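Asker: Chain by chain, the residues:
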Amino acid sequence: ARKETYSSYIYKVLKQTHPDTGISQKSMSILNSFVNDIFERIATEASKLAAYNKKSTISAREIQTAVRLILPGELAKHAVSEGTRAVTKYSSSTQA
Amino acid sequence: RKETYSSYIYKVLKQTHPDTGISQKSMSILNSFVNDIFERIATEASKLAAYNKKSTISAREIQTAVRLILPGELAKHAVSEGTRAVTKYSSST
Amino acid sequence: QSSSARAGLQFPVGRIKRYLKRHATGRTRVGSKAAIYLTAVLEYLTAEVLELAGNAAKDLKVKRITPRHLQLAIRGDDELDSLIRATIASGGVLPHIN
Amino acid sequence: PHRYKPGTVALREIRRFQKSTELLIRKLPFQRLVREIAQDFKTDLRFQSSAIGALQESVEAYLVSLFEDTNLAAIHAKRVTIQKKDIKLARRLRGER
Amino acid sequence: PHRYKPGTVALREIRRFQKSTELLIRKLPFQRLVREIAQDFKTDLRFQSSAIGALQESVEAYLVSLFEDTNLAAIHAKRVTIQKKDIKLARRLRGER
Amino acid sequence: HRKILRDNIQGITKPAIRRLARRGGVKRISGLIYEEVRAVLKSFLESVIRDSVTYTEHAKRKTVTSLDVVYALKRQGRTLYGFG
Amino acid sequence: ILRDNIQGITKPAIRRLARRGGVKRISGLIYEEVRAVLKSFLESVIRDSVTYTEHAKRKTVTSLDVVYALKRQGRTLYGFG
DNA sequence: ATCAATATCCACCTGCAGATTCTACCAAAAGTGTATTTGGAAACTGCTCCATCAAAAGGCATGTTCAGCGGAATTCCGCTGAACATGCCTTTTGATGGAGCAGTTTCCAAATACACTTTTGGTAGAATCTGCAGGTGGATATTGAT
DNA sequence: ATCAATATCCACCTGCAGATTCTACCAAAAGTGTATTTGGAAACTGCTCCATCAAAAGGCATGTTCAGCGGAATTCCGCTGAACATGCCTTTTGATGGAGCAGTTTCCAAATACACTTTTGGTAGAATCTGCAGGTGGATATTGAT
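Residue numbers (the working numbering), protein chains in the order written: chain A, 101 to 196; chain B, 4 to 96; chain C, 72 to 169; chain D, 8 to 104; chain E, 8 to 104; chain F, 216 to 299; chain G, 10 to 90.
Note that these hints are calculated values from the structure, not bench results. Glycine included, C-beta positions come from ideal geometry on N, C-alpha and C. Be careful, since some hints might not be right.
[What the hints assert, rightly or not] No more than 30 Å apart at the CA atoms, straight line, and that leaves these computed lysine-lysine pairs for DSSO-like: (1) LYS34/E with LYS257/F; (2) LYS91/E with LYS85/D; (3) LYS95/E with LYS95/D; (4) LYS49/D with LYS80/G; (5) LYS177/A with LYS68/G; (6) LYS26/E with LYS289/F; (7) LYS26/E with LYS126/A; (8) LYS95/E with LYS26/D; (9) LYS50/B with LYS49/E; (10) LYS129/C with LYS28/B; (11) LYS28/B with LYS57/B; (12) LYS242/F with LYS34/E; (13) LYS275/F with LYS79/B; (14) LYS50/B with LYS277/F; (15) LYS91/D with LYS20/G.
[Said to hold, decoys possible] Reference excerpt, derived from the structure (chain F facing chain A, CB under 10 Å, subset only): (16) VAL252; (17) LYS289; (18) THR294; (19) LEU295; (20) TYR296; (21) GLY297; (22) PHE298; (23) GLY299.
Based on the provided sequences and hints, a complete structural model is requested.
Answerer: Structure below.
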């Protein structure tokens with residue numbers, strides 16, 4: 101009677117990308133299975149190549165490498181653009 | 004680390020028929036399959052004992068690992084001597 | 072006294088202790104089932120390398136060279152489905168025709 | 008000069024090569040091949056001999072797999088040549104990309 | 008009476024499956040058959056029902072992959088039906104034992 | 216109690232196999248696609264029930280879930296989506 | 010020196026390299042599509058080759074890393090280093 | 001070229017079950033001072049291995065012809081799958097029990113982490129057969145023309 | 001039914017590099033031996049979600065029946081194995097040589113394990129309002145023997 105779920109952040113980001121539509125339960129389960137298995141394979145090869153580089157701590161360069169080597173080139177240039185952009189944003193952690 | 008298996012490969016090939024010889028370059032082939040099916044049974048044993056969220060990895064999950072990837076015939080006589088040798092450690096106190 | 076022999080059989084256990092530690096995830100692993108990793112590696116490497124004795128009448132050659140072990144790993148149909156997409160360095164193909 | 012029928016001589020050359028296990032493509036040809044395909048999409052980098060040797064090993068093994076099952080797809084159609092539609096049907100049955 | 012060609016069931020049945028993605032195979036006979044093949048290895052197994060749904064659309068997916076490739080392997084060889092050499096070449100190219 | 220139940224192995228039949236078969240696309244069938252679609256659903260379904268219910272029994276568990284068979288389908292390399 | 014030349018004109022090696030498996034009489038025009046399929050396969054293996062090299066942060070290439078990449082594309086040419 | 005006969009497309013009407021804000025609530029938590037301890041960042045450099053680089057030589061690739069033989073257009077002609085009334089069986093759902101699963105609480109046993117001491121399993125090398133690659137060579141199949 | 005230059009196999013000798021078996025050797029995990037803590041395993045017990053009964057319609061079956069068409073088959077040219085000849089691009093063997101890298105040390109951003117607490121995120125009800133399935137009505141293109 102206690103379960104971690106993914107659907108909440110999913111429906112808020114669906115409503116913010118596109119404004120005005122609805123969702124469905126089995127389609128909720130197919131895209132949350134999609135998000136956890138894409139995390140699953142980035143995580144497995146992230147640990148694998150942070151193992152074989154003989155380096156000891158997981159790092160952002162390492163996972164930018166990871167996301168480059170797992171997903172094809174169109175979303176490679178996308179995901180690296182907002183990888184650098186997100187680290188620009190959270191790296192900019194000031195008082196204002 | 005500099006660490007191989009090829010000496011234990013050589014002791015194995017001697018505890019075959021000792022008449023043959025380990026060749027110059029197939030021991031790299033032997034090293035590569037022993038560590039890659041070592042690593043992949045380690046991967047599946049990791050997450051299969053992670054799906055019941057039990058902390059260690061131990062006997063039940065390893066015999067289910069070494070049955071649940073390798074195919075039928077060598078799997079079942081493999082797990083036969085698996086139980087054999089793991090009792091044979093405990094054969095003494 | 073010695074762990075491979077206090078086990079008894081002929082693979083080392085003390086390195087696969089920490090080679091499982093090298094690879095593990097579950098923050099905990101037992102100290103007694105090194106006893107099965109050596110049994111796994113014993114069985115699978117003997118269950119390939121003893122078949123290399125089938126070189127004899129087809130090679131009359133005393134070492135276990137690189138085409139030759141795959142040249143008899145093929146007809147182990149129980150074997151080839153354990154190195155499935157895996158393929159040799161300079162191994163050859165078991166020949167046949169139409 | 009007596010040389011009889013062609014075609015079963017194809018079969019003895021068949022058995023001639025697949026008895027042997029020599030690395031069948033030529034060396035500095037693949038050397039210049041792999042440099043002049045690598046240097047362009049990512050910049051000037053250097054190679055090592057064993058790594059490049061292993062990567063044309065990969066190239067040989069993959070393409071020999073694809074042409075043997077291309078041969079099977081060709082002899083599906085009751086026919087003995089090799090033609091392009093066999094090749095692209097082989098590429099498509101093999102998981103398009 | 009109105010009548011039109013045996014063999015021209017094609018396009019109307021094409022759309023007639025294609026608009027809908029409901030599960031093709033009829034359910035509880037398929038439950039019976041998976042229960043019967045499972046029942047002769049280990050005792051007292053049950054199914055969870057959505058597990059039956061999972062293995063149902065697994066066999067649906069693997070069968071549509073099978074005869075989609077036998078469809079174009081049949082048209083590979085100027086042929087209009089599928090026959091037994093088509094499915095046997097599919098089970099050549101499957102790669103899974 | 217003994218649950219002696221024999222063949223449902225032909226049990227999906229010529230209209231059923233032709234409706235799945237044309238659902239895949241093919242529009243001209245030959246008169247013996249009975250037995251091979253029989254044998255191949257035999258092969259694929261015994262593979263999935265073997266790996267799935269064997270490690271279901273690894274879960275100390277004599278009663279199958281759905282998450283075990285979807286972990287088996289991803290174990291086989293044909294990862295189904297969306298049943299958890 | 011670094012100038013582009015065309016090694017896509019590799020060699021007609023396939024009229025012995027298809028002579029590795031049971032290729033019967035050949036009848037040709039395969040040269041361009043065997044050229045296309047091997048150029049696709051080499052570019053597939055070489056971009057993740059150089060991908061580990063930039064994760065290697067040194068400007069050579071090597072064999073243990075090439076077999077890392079070679080199994081991660083799935084086409085694991087097993088056993089060389 | 002052509003209307004019925006489907007067939008499909010819209011399309012309005014209506015049910016009807018269900019996603020979806022909404023509350024809430026609550027219980028375990030993400031953000032937080034913080035001491036601290038270490039692995040990532042980064043200078044220094046011996047040094048090897050990796051890119052050029054030429055010359056003799058040498059298989060071998062590339063162009064040549066060429067000639068049968070096999071891809072293919074065409075026939076046809078038996079024949080075996082598709083529609084289709086037309087019965088009918090097994091379904092398709094709806095309503096009753098219970099073994100057996102979460103989830104608990106609790107115990108004990110194995111594995112962590114600490115010092116320990118050595119010995120065995122990593123190299124260097126070396127040497128020595130030595131197997132074996134590669135030749136030769138002597139004998140033995142071989143299939144198109146006749 | 002017969003011949004024979006090519007191809008292969010079986011046997012001999014050599015040389016060459018290389019396995020391998022040492023012996024050192026060394027050095028650094030590893031077996032022993034403590035104790036601590038906490039997860040693995042078992043008892044139990046409520047509460048689902050499994051299991052089996054029985055009533056009525058749609059897809060299933062099935063013989064009938066009829067034609068695209070499969071396989072064979074004949075022939076007809078074009079295109080490719082094949083053999084030869086030659087340039088040519090390797091091919092290896094040194095040779096240079098030089099400039100990135102593996103190792104090295106250091107040293108400090110910072111990760112982590114503490115306590116610790118206001119929030120959100122999950123769940124679960126609920127209700128509701130509405131979106132879609134289905135019904136059915138009705139225009140509208142396509143078409144097949146004529």
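Asker: Measuring from the C-beta of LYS289/F to each C-beta in chain A, is the shortest one below 10 Å?
Answerer: Holds: closest Cβ of chain A sits about 8 Å from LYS289/F, inside 10 Å.
Asker: Would the hint on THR294/F be counted as holding, given a Cβ-Cβ threshold of 10 Å to chain A?
Answerer: Holds, about 7 Å.
Asker: Hinted pair, alpha-carbon criterion (30 Å max): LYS275/F, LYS79/B. Please report holds or violated.
Answerer: Answer holds: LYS275/F to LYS79/B is near 19 Å, not above 30 Å.
Asker: Double-check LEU295/F for me: the hint is only fine if its C-beta lies closer than 10 Å to a C-beta in chain A.
Answerer: 8 Å, holds
Asker: Keeping to a limit of 30 Å between CA atoms, is the pair of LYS129/C and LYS28/B held or broken?
Answerer: 20 Å, holds
Asker: Given the hinted pair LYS177/A and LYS68/G, is their alpha-carbon gap at most 30 Å?
Answerer: 23 Å, holds
Asker: Does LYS26/D lie within 30 Å of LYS95/E when you go C-alpha to C-alpha?
Answerer: 29 Å, holds
Asker: Holds or violated: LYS26/E with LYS289/F, Cα cutoff 30 Å?
Answerer: 28 Å, holds
Asker: Under the criterion that the straight-line Cα-Cα distance not exceed 30 Å, is the pair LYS28/B, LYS57/B satisfied?
Answerer: 42 Å, violated
Asker: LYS95/E and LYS95/D were given as a pair; does the straight-line alpha-carbon distance stay at or below 30 Å?
Answerer: 19 Å, holds
Asker: Under 10 Å is the threshold here; is the Cβ of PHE298/F close enough to any Cβ of chain A for the hint to stand?
Answerer: Hint on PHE298/F: holds, closest Cβ of chain A at ~7 Å, below 10 Å.
Asker: Does the interface hint hold: is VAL252/F within less than 10 Å of chain A, judged Cβ to Cβ?
Answerer: 28 Å, violated
Violated hints, in rising order: 11, 16; the structure is consistent with all others.
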